[PDB]
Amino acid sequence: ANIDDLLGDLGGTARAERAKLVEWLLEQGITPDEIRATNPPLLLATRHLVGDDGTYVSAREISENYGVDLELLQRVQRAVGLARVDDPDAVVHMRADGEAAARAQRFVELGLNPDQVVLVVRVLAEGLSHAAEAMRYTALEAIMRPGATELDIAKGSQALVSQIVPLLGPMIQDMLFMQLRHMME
């Protein structure tokens, strides 16, 4: 099994546990290049559901592609605070993360202050990254059972995130407006 070179240094009971996972990952459309560049491979057949497709871009690439100001965009990228960033040409931004930052420009175009917009992003990124860890453990509790293998987790993880994701979007959307309805007074 030449896939013996995606297993690396893993031995014992864990090498068989990994081999079965790589078996299922490869047969999902996942390529050897992604598996090698991701330890643990676990979340590979799952990360596509939250918008991550392994495609990376640079701030300048985002700036030209989506027709946005580079300076303001990179301010918003510091505000979300996700990738070690400060070079317009570092291809280190997830394609979807890049498109998400390009929308901030639109709020500034509606007369809202670019200093304030960047601040709102900062507060949101702070609040959502705390809910993120509450979300991580909630799902992990739901998919970790007796003595499940790597594959068991990857299969359970893919199944659960698939059902959950269509709900999360309109959920948090409903949540934000609930706060907007009660901060109003």
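In this text, rigid core is short for the largest set of C-alphas that superpose within 1.5 Å between two forms. Numbering follows the first chain given and starts at 1. First, how it differs from the form deposited in another entry.
- For the listed set 151, 117, 57, 35, the sole C-alpha moving 2 Å or more between these two forms on a rigid core superposition is that of 35.
- Once both forms are fitted on their rigid core, the CA atom of residue 26 lies 2 Å or more apart between these two forms.
Show the same protein again, this time as the form deposited in another entry rather than the form deposited in one PDB entry.
Shown next is a single chain and nothing more.
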């Protein structure tokens, strides 16, 4: 009788399909608060495969956890452009997003200009946002079968994306270094 709050006003076949999906999501460790916050909730367990762990942090918490400067960390979060509360105490950043932003500081410690490092973050994130869009369409084309229910799609994504994830990191690293070789050549 809990899932009723999570089904809201849905009626008919849509309601029954959502109920099956929600049951499965809760089984994958997805929380009711996550489900309520994501419309539609179909791919939430797939979002966990790419580093969402259901936990959120503030910029201050990130700065104290990794021992990095709060003001530089906030410049980097702005350049990425995915967060939208700039309060250093707002608990709004996915944990893994904070860890990524915390990597900028070491580049500055090694003597790179912070203004230039922040511009590089902006440019990298803009390029990758376009690549991730194309990846989305590519993944959905494989997963979205004719007549598939919401639960069908969620389970199909779980199986396929789990196999893709270990290939992605090494691939993008290799693609970066290919570019670095050719700007030197």
